[PDB]
Each structure stands twice: as structure tokens, then as C-alpha cells.
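Engineer: Here the structure of chain B is known, so what remains is to put chains X, S, F, W and C with the ligands in place on it, guided by the hints.
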Amino acid sequence: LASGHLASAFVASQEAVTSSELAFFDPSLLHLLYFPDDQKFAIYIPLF
Amino acid sequence: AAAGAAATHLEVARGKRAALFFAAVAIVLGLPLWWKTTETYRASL
Amino acid sequence: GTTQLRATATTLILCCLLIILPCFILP
Amino acid sequence: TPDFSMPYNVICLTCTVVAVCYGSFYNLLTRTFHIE
Amino acid sequence: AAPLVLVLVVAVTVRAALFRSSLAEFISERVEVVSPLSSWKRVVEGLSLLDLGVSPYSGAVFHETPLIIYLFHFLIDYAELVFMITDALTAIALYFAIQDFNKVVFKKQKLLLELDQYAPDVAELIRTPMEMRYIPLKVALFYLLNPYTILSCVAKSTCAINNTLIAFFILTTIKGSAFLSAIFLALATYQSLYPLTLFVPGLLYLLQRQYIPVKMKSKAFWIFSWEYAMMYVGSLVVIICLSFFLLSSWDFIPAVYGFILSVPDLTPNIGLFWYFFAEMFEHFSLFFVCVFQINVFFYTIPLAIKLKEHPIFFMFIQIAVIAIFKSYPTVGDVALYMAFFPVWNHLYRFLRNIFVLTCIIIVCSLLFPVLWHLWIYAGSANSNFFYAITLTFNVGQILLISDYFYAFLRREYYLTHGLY
Amino acid sequence: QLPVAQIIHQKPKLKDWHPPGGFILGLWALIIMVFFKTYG
Ligand SMILES: *NCCOP(=O)(O)OC[C@H]1O[C@H](O[C@@H]2[C@@H](OC[C@H]3O[C@H](O[C@H]4[C@H](O)[C@@H](N)[C@@H](O[C@@H]5[C@@H](O)[C@H](O)[C@@H](O)[C@@H](OC(=O)CCCCCCCCCCCCCCC)[C@H]5OP(=O)(O)OC[C@@H](COCCCCCCCCCCCCCCCCCC)OC(=O)CCC/C=C\C/C=C\C/C=C\C/C=C\CCCCC)O[C@@H]4CO)[C@@H](OP(=O)(O)OCCN)[C@@H](O)[C@@H]3O)O[C@H](COP(=O)(O)OCCN)[C@@H](O)[C@@H]2O)[C@@H](O)[C@@H](O)[C@@H]1O
Ligand SMILES: CCCCCCCC/C=C\CCCCCCCC(=O)O[C@H](COC(=O)CCCCCCCCCCCCCCC)COP(=O)([O-])OCC[N+](C)(C)C
Ligand SMILES: CCCCCCCC/C=C\CCCCCCCC(=O)O[C@H](COC(=O)CCCCCCCCCCCCCCC)COP(=O)(O)OCCN
Ligand SMILES: CC(C)CCC[C@@H](C)[C@H]1CC[C@H]2[C@@H]3CC=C4C[C@@H](OC(=O)CCC(=O)O)CC[C@]4(C)[C@H]3CC[C@]12C
Ligand SMILES: CC(C)CCC[C@@H](C)[C@H]1CC[C@H]2[C@@H]3CC=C4C[C@@H](OC(=O)CCC(=O)O)CC[C@]4(C)[C@H]3CC[C@]12C
Ligand SMILES: CC(C)CCC[C@@H](C)[C@H]1CC[C@H]2[C@@H]3CC=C4C[C@@H](OC(=O)CCC(=O)O)CC[C@]4(C)[C@H]3CC[C@]12C
Ligand SMILES: CC(C)CCC[C@@H](C)[C@H]1CC[C@H]2[C@@H]3CC=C4C[C@@H](OC(=O)CCC(=O)O)CC[C@]4(C)[C@H]3CC[C@]12C
Ligand SMILES: CC(C)CCC[C@@H](C)[C@H]1CC[C@H]2[C@@H]3CC=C4C[C@@H](OC(=O)CCC(=O)O)CC[C@]4(C)[C@H]3CC[C@]12C
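Chains as they are written, first to last, in the UniProt record's numbering: chain B, 479 to 526; chain X, 2 to 46; chain S, 218 to 244; chain F, 519 to 554; chain W, 2 to 421; chain C, 348 to 387.
Please note that a few of the clues may not be correct.
[Claimed, not checked] Distance ranges between label pairs, derived from CB positions:
1. 76(W) <-> 509(B): 41 to 51 Å
2. 499(B) <-> 232(S): 46 to 56 Å
3. 245(W) <-> 489(B): 49 to 59 Å
4. 3(W) <-> 379(C): 28 to 38 Å
5. 18(X) <-> 45(W): 47 to 57 Å
Calculated from the structure, these hints are not laboratory results. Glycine residues also receive a C-beta, built at the ideal position from the N, C-alpha and C atoms.
So that you can see chain B by itself, here it is in the shape it has in the complex:
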């Protein structure tokens, strides 16, 4: 866009949008529900 090539700029921007949306909205980001931090002592105290 600084240089002046509008077609290449448009293609690059489209690829940027596609990649950013795929990265942000990946289902793999949400993997497990929250485990309470005030209940981990019940997980680590009894054995360790």
C-alpha cells in the first residue's frame, strides 16, 4: 500500500484477515473448562 500496488496489497490483506480469524477463532483455544484454583490443594496435598 505504501508502494502503490493495490492488487497485491488487497491479496495480502485478505490473507492476513483469513489467517488472523483462523488463529483467533480456532476451537482448539477453548480446550478445557476452568478448574478452580481454590481446589488444587485437594489434588496435590493427599499424595505429594
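Structural biologist: Structure of chains X, S, F, W and C with the ligands alone, referenced to chain B:
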């Protein structure tokens, strides 16, 4: 006579080695394994 | 109304820790 | 079916059973006999 | 010997009578007696699947090694005869192994008596040939007539075969035979992964028998240890590669070893892994399964440190630890280390808490079927009752094994320093 | 909808499974090799 003195030192040394093994394993294999198996994987960005 | 799942810290963790530590290690 | 209300208590109890063996074997392997 | 033949006849007759009884079907389906890796119905299912052109390892019912399927393809008939013969062979191997071990330990005792290495007055602790006369017979009798072993062989579980392999490993190790001990240890590791821990006790006993000091500076120790390790690894590699060719595929390695190491079934057992992983947060599943499978291999090294000069007791403790902390434990596995109790019954005077622990073990065993029936068929009980029974049973086992270990240590200390 | 004749013959004939001859030969060869290495 000297049999008891030769054996008790060996038993104390063996107990020391057993305690060292327990602590050293429970640290060296204990903590890295916990961190690797309970972490949330995060590739570099 | 309802009940969420919460650990019984006083009831069981204390019991199952004082069944190990004073039985074996400290005394 | 399992209990569905016993994940913390089962963890505590099974870990305690394992720690029983751990502590007993640790004492037997580490400590040595002494008089009085 | 005549008493050994009489005991063998009595055991075979009892097993045959229970085979022809109406309780065979009841015993065959007990979760305490059979396991996902050892049930007979699963052997029959995996043999029937091969007739349909379906690989038996493509399903989730069959988890046995190719050697078992090859053995039971030819011997699908006479299965009860096969299992009775395996039990008798285990008894014979244990009998002769203990008989040779008694002579070896008496020679050692005579040596340190001649050298006057013991305390001035330990005559009560001194072992005599009269007290050791019937120890080999009692070893074979505590295994043949154990209710655990009788149930495990009437149910037609391959646990009996794996016990026979371990017993022959013990016999060959006690009678020199580094080659045969390595082959039998490789076969035992083939059926179940855990028996590989017995490598250290076997190596220690072989080194002691061959009179090689186990020292870091020593070179003969390193040479012999390398030969034994190479022999074991080669015998295991050859078995794996050979049994690959039975179905021309590697799918047996997952279905057996990944099953053993990852515990996918979660089916009730006398073990401690069934509920822990049924009632479990998926956040720490990998960490806790790693910890629990480390637990079995955890004690071999520290036990070798303390018990370097007592390898047979080390092997007995290791067998007990395997039977207790296995992923899929069985009363048949438990019965293998209770055959060693007559060997260590000279430690009785130093045994605390023997009556209570024996009573607890008996109570838990008798209470397994009752509470299992209440939970499953009656419906008036939960899985919590069975879980509590497993907890109490394993605690009793652990305390009994540690109690024998403590008695052994007490006897060694008294022999070295002086009994009052 | 129900071609019985084709359904029967689409799957090849079922033969009882037997262990490979090469496998049994190799197993027996290993067993006799160990037997001779033990007995001399
Ligand atoms: N609009 C408005 C609305 O409303 P509101 O307003 O809000 O309101 C309303 C509400 O409400 C509610 O609430 C809630 C609810 O809930 C509901 C629920 O449901 C369910 O749950 C349930 C369940 O089911 C059940 N099951 C139950 O369970 C339970 C649990 O949970 C709890 O937790 C508990 O209880 C448990 O338990 C426990 O925990 C226990 C533990 C603790 C303790 C431990 C112990 C310790 C130790 C011991 C001792 C020591 C040792 C030493 C000694 C010396 C449970 O219970 P169970 O289960 O029942 O059971 C118990 C147990 C079992 O059992 C056992 C027994 C055992 C057996 C035997 C033993 C052995 C013996 C041995 C022998 C002897 C020996 C001899 C020797 C001698 C000789 C001569 C010398 O379990 C267990 O675990 C146990 C444990 C074990 C331990 C141990 C072992 C044993 C033993 C040892 C000892 C001893 C022995 C030795 C020795 C001796 C001698 C020697 C000398 C030296 O739970 C629940 C109920 O509660 C669920 O759901 P489901 O539906 O199911 O599902 C869903 C999802 N899907 C949940 O979730 C829910 O939540 O409601 C309630 C009520 O209900 P019912 O129905 O009414 O009830 C029923 C009952 N059954 C309430 O409460 C709540 O709150 C809400 O939520 C809502 O709904 C609404 O809305
Ligand atoms: C069977 C034999 C087999 C043996 C095999 C052994 C193998 C295993 C051996 C050792 C594995 C060690 C696991 C536990 C280490 C730390 C766990 C922890 O506290 O997490 C805290 C929880 O917060 C709390 O609730 C703490 C309350 C009590 C803490 C218990 C103290 C134990 C510390 C010493 C125990 C022993 C260590 C050294 C001992 C000298 C905070 O952690 P977190 O951030 O919330 O958790 C997120 C996890 N990531 C993301 C950080 C990765
Ligand atoms: C059939 C389905 C369920 C059946 C459940 C039964 C299974 C139980 C099997 C094994 C449990 C045993 C665990 C502990 C074993 C102890 C080993 C042992 O031999 O220790 C011996 C000690 O023995 C004991 O103290 C235990 C005996 C006390 C309680 C047991 C007896 C009462 C129980 C009977 C109940 C059933 C009766 C029915 C008819 C028999 C040592 O003896 P020794 O050294 O030879 O003495 C001479 C000294 N120089
Ligand atoms: C041969 C005889 C001596 C056996 C010994 C008996 C013990 C095994 C009993 C006696 C008192 C009992 C305890 C009495 C009270 C409790 C509290 C109880 O916790 C609750 O109040 C329930 C909490 C919940 O439901 O989450 C858990 C069982 C426990 C520890 C019991 C466990 C079993 C005990 C130790
Ligand atoms: C193979 C090892 C590693 C584990 C299994 C133990 C074997 C050493 C035993 C257990 C069962 C035994 C078999 C039980 C029954 C028979 C049938 C017997 O012949 C018959 O009775 C056949 C009669 C007929 O077919 O008409 C020959 C010995 C044999 C194969 C036995 C050979 C030795 C076996 C395989
Ligand atoms: C016994 C000790 C001394 C190691 C011996 C190594 C090899 C004899 C074996 C052991 C594990 C085997 C591997 C286990 C698993 C697989 C995956 C398999 O691929 C699959 O079909 C996928 C199976 C799956 O992961 O579910 C191909 C063979 C391979 C590499 C095997 C190749 C042969 C290996 C390396
Ligand atoms: C005779 C002995 C010495 C063989 C030793 C080899 C085992 C230690 C290996 C061989 C095959 C492995 C298994 C192959 C496949 C799996 C499935 C895997 O679970 C998954 O499906 C996850 C796959 C992924 O993470 O991408 C967990 C590990 C496990 C059980 C592996 C555990 C380790 C095993 C049993
Ligand atoms: C094979 C011997 C000689 C080494 C000692 C074995 C154990 C001390 C550890 C070492 C690596 C562990 C394995 C590493 C990876 C896995 C995959 C893991 O796969 C899963 O996540 C599915 C099981 C579940 O998550 O519940 C199951 C446990 C397992 C087989 C572990 C079981 C316990 C193992 C075998």
C-alpha cells in the same frame, strides 16, 4: 568386635544412598514431569 | 438451587494426611 | 456408574493408600536401627 | 518326594472337582479372579474372531499376546488340563527353587559361623536343617491350595501361565543358568510389562552365586551385567519380532502394552486404578497415570541399595509390589508372592501386627463377592463399597509386606549386633 | 433391494485360521536352538 562397626557404617551409608535416590528422583523426574504433563501448551508467537 | 462439587478439606484431607504424617514420619 | 460426587475424595483416598506404601518403604530403606 | 506327589494329587483333584462343579461359571466371571488381560472368555472371543477373518486386536475385548493365541489354537481343547498342568508346574518349580535356596543360605550361614562374624549369642536366630526340611514342601502347598490360585486356575486365566513363567525364572536364576533365566524373564516381560523389574534381583543373585563383588570399580561385575542385560534384551527383541509374524502386523503391541500402561478399561478390580481413573478430573489424567505407573518401578533401585546381599528377599518384595500396584491386579498375581511366606516364616518372632493384617486380608477377600453382588445385582450398594474394600485390601497387603521387610531387617540387625 | 445371491458370494469363503508355517517353523527353530545351547 569390628564386624558390628564395619556393618553399621555400611547400613548408614546405604540408608543415605536410598534417601538421596528418593529425593533426587522426586525432584529431577518429579518436577519436570509434573510441569510437562500439567501445563497448557503454548507455541511461540 | 443446587450444590456444586467442592472438596471436603476438613473432613478428608486432614484425616488422610494425619493418618500418614503422625503415623510414619514425625514421631 | 461411579459416584459423580466422589472425585476429590477418591483422589485423596487412593493417594493416601499409595502414600502408605511410600512412607513405610521410605522408612524401612532409609532409617537404621539404634538402641534406646 | 512322596509328600510333594501327595500335595500335587490333592491340588489336582480339588481343581478338577471345582472344574466339574456348577460354580465354574460363577468363578469364571469374577472381577477379582479374571482381568481384561487374562479372562478366558476373551481368549475364546479372540480365537473366534480369527475364524471370521477379523484381526483379534481390532476390537476392544482381546488383549492377550500372540503366544497365548498360538498356544490355545492347538490347545483350545484340554484347557482345564492345560491350566492344571501349569499350576502343578509352578508348584514344582517353586519347590525345587526353594530347596536349592535353602542349601545356599545354609552354606552362607555356616561360612559366617566359621568366621565368627555373628554375635556371640544368637543361637536362637541360627537356622537349622530340621526347621528347613519342610519349607520347600510348604512353599508348594501355600500355592497349590491357596484359594486365590484355585480360583485363578478354575477360571482358566492366563495369570496362571504368567505365574509359571515367573516361577521358572526364579528356579533358573537360583540354579545358575543365566541364559535360561534371561529367556524366562523375557517371556514374563512379554506377558506383563512389570516383571522386567525382577532383572535387578536376578542379576544380583547371579553375581552373588558366581562370586563377583558388586563394586563400581570391579570390572567382572560390569562384564557379567552387560552379558546378562544383552541376553535379556535379545531374548525380548527376538520374541517381539517373532510374534509379529503371527498376524503379520504390529497391532498387538498397542492392544497389550498400551492397554497395560494407559489403563483404558476402567473395569472394577482389586486394584486402585479402576476408580481413581473413573472418578478423575481430565486435567491431571496424564500426570497421575504417569505417577501411578512410575510407582511400580519406583522401589526397585532403593530396594537394591538396601538388599544388595539379600537378592531372594528383594525378588519376593518386588513380586509383591508388582502384584499390589499392577494396573490390572488379580488374586492369582497376589497368590504368587504368598507362596514365599513359608520361606520367611523364621522371621515370625519379629513380626508385629500379623494377626490383624491376616484377618483384614481374609475379611476383604470374603467381602469382595458380597459387596460386588450388592452393588451390581442387588442394586442396594454403590461403587463406593467396592472401592473401600479395594482400599482396605491393598492397605493390608502393603502393611503385611512392609511388616515382613521390617522383620527381616530386625533379624539381620540382631544377628550382626547381638540379641539380648 | 435384497440380492441374496450376490450378498452370499460378495464375501469370500471362510477358512479356519491357522498359524503361518513360517511362524511355527521359526518358533520351533528358536526352541531347539535354545535346547541345544542348554544341553550342549
Ligand atoms: N429450587 C430450589 C432447589 O432446591 P434447593 O432449595 O436448592 O435445595 C434442594 C437441593 O438439594 C440438593 O442437595 C444435595 C443433593 O445431592 C444429590 C446428589 O445425588 C447424588 O449424590 C449422592 C450419591 O449418589 C450417593 N452415593 C452419596 O454418596 C456419598 C457421597 O456423595 C458423600 O460425599 C459421602 O457420603 C460418600 O462417602 C464418603 O465420602 C465417605 C468418605 C469419607 C470418610 C472416609 C473414611 C476415612 C478413613 C476410614 C477409617 C480410617 C481407617 C482406620 C481405622 C482403624 C458417599 O456415601 P455412600 O456412597 O453412601 O457410602 C460411603 C462409603 C461407602 O461405604 C463404605 C463402607 C466400607 C465397607 C466396609 C469397610 C471395610 C471393613 C474392613 C473390615 C474390618 C477389619 C477387621 C479386622 C479386625 C480383626 C481383629 C483384630 O463410601 C466411601 O467412600 C467410604 C470410604 C472408604 C474408606 C475407608 C475404607 C474402609 C474402612 C477402613 C477402616 C477400617 C477397617 C480397618 C480396620 C478396622 C479394625 C482393625 C483394628 C486395628 O452422595 C449423594 C447423597 O448425598 C449425585 O447425583 P446423581 O443423581 O447420582 O448424579 C447426578 C449427575 N449425573 C450428586 O451429584 C448429587 O448432588 O441431595 C442430597 C441428599 O440426597 P439423598 O438422595 O436424600 O441422599 C442419598 C444418600 N444415599 C443433599 O445432601 C445434597 O446437599 C441439591 O444438590 C439439589 O439437587 C436440590 O435442588
Ligand atoms: C507413587 C510414587 C511415585 C513417585 C513419582 C514422583 C513424580 C511426581 C513427584 C513430584 C510432583 C510434584 C507435584 C506437586 C508440585 C507442586 C504442586 C502445586 O503446589 O501446585 C500449586 C497448586 O496450588 C496449591 O493448591 C498448593 C497447595 C498444596 C501444595 C502441595 C505441596 C507439594 C509440593 C512439593 C511436592 C513434591 C515436590 C518436591 C518434594 C521435595 C500451584 O501450581 P499451579 O500453577 O496452580 O498448577 C498449574 C500447573 N502448571 C501450569 C504450573 C504446570
Ligand atoms: C475362597 C474365596 C475367599 C477366601 C478367602 C481366603 C483367602 C486368604 C488367603 C491368604 C490370606 C493370608 C494372608 C497372611 C498369610 C500369613 C502367612 C503365614 O504363614 O503366617 C503365619 C501366621 O499365621 C497367622 O498368624 C494367621 C492366623 C490367624 C487368623 C487366621 C485363622 C482364622 C481364619 C479362619 C476363617 C475361615 C475358617 C474356615 C475353615 C478353616 C506364620 O506361621 P508360622 O511361621 O508357620 O508359625 C510357626 C513359627 N515358627
Ligand atoms: C476394629 C474396630 C476398632 C475398627 C475401628 C473403627 C474405625 C474404622 C471407625 C471408628 C470411628 C470412624 C470414623 C467416625 C467419623 C468419621 C467422619 C466421617 O465424615 C463425615 O462426617 C462425613 C463427611 C461426608 O459425607 O463428606 C467419615 C468417616 C469417619 C472418619 C469414620 C471412619 C471409620 C472410623 C475411624
Ligand atoms: C508352552 C509353555 C511355555 C507354557 C504352557 C505349559 C506347557 C509346558 C504344557 C501346558 C499344557 C501342556 C499340554 C497339555 C496336553 C497335551 C496333549 C497330549 O496329547 C494328548 O493328550 C492328545 C490326544 C489326542 O489328540 O488324541 C500331549 C501333550 C500336551 C500337548 C501338553 C504339552 C505340554 C503343555 C503345552
Ligand atoms: C522390546 C524392546 C527391547 C524394544 C524393541 C523395539 C521393537 C522390537 C518394537 C517395540 C515397539 C514397536 C513399535 C510399536 C508401534 C508401532 C506403530 C505401528 O504403526 C501403527 O500401525 C500405528 C499403531 C498406533 O500407534 O496405534 C508401526 C510399528 C511400530 C512403529 C512398532 C515397530 C517395532 C517396535 C519399535
Ligand atoms: C515389551 C515392551 C518392552 C515394549 C515397550 C514399548 C511400550 C513402552 C510402548 C509401545 C507402544 C506404546 C503405546 C502406543 C500408543 C499409545 C496411545 C497413546 O494415546 C493416544 O492415542 C495419544 C496419541 C497422540 O498423543 O497423538 C498413549 C501412549 C500409548 C498407550 C503408548 C504407550 C507406550 C507403548 C505401550
Ligand atoms: C516401560 C518401562 C521400562 C518404563 C517405565 C514406565 C512408567 C514409569 C511410565 C514411563 C512413561 C509412561 C507413559 C507415558 C505416556 C503415556 C500415554 C498416556 O496416554 C493417555 O493420555 C491416555 C491414558 C489416560 O490419559 O488416562 C497413558 C499413560 C502412558 C502410557 C504412560 C504410562 C506410564 C509410563 C509407561
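Engineer: Determine for every hint whether it applies to the structure shown.
Structural biologist: We went through each hint and held it up to the structure:
Between residue 76(W) and residue 509(B), the C-beta spacing of about 49 Å keeps the proposed range 41 to 51 Å intact. For residue 499(B) and residue 232(S), the hinted distance range of 46 to 56 Å is satisfied, since their beta carbons lie about 52 Å from each other. Between residue 245(W) and residue 489(B) the C-beta distance comes to about 52 Å, which sits within the given range of 49 to 59 Å. At about 35 Å, the CB distance of residue 3(W) to residue 379(C) agrees with the hint of 28 to 38 Å.
In this structure, residue 18(X) and residue 45(W) meet the distance hint of 47 to 57 Å, their C-beta atoms being roughly 50 Å apart.
In summary, this structure violates none of the numbered hints.
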